[PDB]
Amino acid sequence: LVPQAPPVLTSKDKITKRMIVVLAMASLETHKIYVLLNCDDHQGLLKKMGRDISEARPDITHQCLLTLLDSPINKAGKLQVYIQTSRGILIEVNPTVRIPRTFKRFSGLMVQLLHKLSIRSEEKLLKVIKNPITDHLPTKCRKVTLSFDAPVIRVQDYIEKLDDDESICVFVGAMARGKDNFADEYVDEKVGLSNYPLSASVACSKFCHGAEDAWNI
């Protein structure tokens, strides 16, 4: 007894109250040898490039996207996802896009996106857009960064404290390790979800679950 075709939310809608997740510091870099650089397949190459092999982690972004887009909140049309790469590329993800389950085809899709600047259905399902993210977010929107070092909140508590017209944008480090400062230019609060450090995919899942509770999804 719920709407079977909810409105597809984009950055063009500045009003509708929604949850936004920004996958920040995403490790999405192309190389012709085209593939996404990753720590499992390109250890030798990354070493010769003088890179920290452990930083090449596109799999984290892949798993976060699957968790987020599979969620009840996404199907209910109350979720948006953006990607901010470690190299400053900003990507808007259409809620209806199908993300491949295998890493190989995910990499193939990301390579095409980063080279062509969009992925077409003629509507765009993935699009490279202009920084800063704040130019695209809903007019009334809370902005928070998830951090292990921050005080722990219950997601439902936090979501229920939003005004009826106020969206929430959550910045999540799409990384295994790193400092929580990636979105200090945009946010005015940092919060924790657990007394344990969480994988990015798990943090995404917990936040989706808590919003689903609060919004009766």
The other form holds:
There are 2 protein chains.
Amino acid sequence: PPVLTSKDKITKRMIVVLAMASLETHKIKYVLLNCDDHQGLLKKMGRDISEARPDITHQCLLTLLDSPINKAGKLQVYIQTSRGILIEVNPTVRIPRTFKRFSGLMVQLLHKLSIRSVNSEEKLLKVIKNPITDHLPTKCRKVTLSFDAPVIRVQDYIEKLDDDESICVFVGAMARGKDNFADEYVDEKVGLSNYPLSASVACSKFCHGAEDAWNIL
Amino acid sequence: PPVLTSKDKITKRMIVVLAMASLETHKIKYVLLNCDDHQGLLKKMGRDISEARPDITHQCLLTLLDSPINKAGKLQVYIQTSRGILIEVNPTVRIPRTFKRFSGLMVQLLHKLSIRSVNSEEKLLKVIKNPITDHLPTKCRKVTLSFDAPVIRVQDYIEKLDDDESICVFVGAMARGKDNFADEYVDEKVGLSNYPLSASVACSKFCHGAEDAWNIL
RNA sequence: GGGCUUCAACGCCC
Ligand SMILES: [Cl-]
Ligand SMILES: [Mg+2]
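What would you give as the form deposited with the RNA bound, now that the form solved without the RNA is on the page?
Expanding to the full complex; the earlier chain stays at the top.
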């Protein structure tokens, strides 16, 4: 099963974009700004401390990359930071399991623009050019997940796609905010539950609906 | 939705047991032994790495308690540590989203043997006595989730349950090891995928199959 | 330089 990348704009797949991801570095030696560790610093910066939540992006990557859909080679993930940085994640990257270690890696990615293994010329993580729509499959239904939107059953929604049409889901990698982070890109907004879901739960729900629709065990 | 506890022996529900959980304490004040804080002193302190993955339990707790099946009131979670300590988790508990606060909570639970509601004397977390079977619904199918078992589709498995039959699933909240931590309790072992899964993904996959089966949206 | 790891990089250890 070939590793999926933005070069291939034909193969039917699921794509998840972790949008409004809170990934921003700051000097002291650089840290990845987070609400827990840098309350004081975020104060001086005149920032909403509540906004610094890189841990949400970390939790979603684990959920997505560990999923059967990813292991079956039918998943791509991108990260679109709240500051407009777009990142392509290699499906085979074994993301750090712990937050502190995820943090150091993100700092490096943001400063160097890619992450590589010493012997390889393949990028495990890469900063790429906006807009994401330039990189997605040509036939791709693009949706934003929103509690404000009509609720769907994921399998049923996916079954209604054309045979050659991918599905790209934009998930707000945040605790609180409006669903307008991808309004320029999406075809539709949908909700996955009568309950408000965390970003990670929304990711797993969409992955497991797609695994069902596509008969991935 | 009425809040499910082990006192209710009748109501049909899903139960998840996080087994072989890593919840070790370390003093200097007490903290949960982990890899981010303690990876450099483990050997020095005569401790195992296996003893320092409480992040796995943390991640599963969030995955489970944030799920629609929990919000619908049809889920219970228990934790059994690698030392045999058994814990009942109230469906309404808010697990802290940061590991730092999670540790404090867990340390207080292990030391006090319970955590009470901010509004009453009710215990939202409580250390209880083995075996887990004393606490499950009287009629309850019991299974261990394991890569090394025959793979099933969750929806079908759940739909085969009797109208009054609950389902309890045991998940290894650990980095690696034999999936034999519940052999004395279970009727059967089953796989959820042809790929190895994280404990968290095993959790969400079973939850989302149950949600589908029970028309929980 | 060498190691460790549900964590090539990161974070650590020697
Ligand atoms: Cl080491
Ligand atoms: Mg090294």
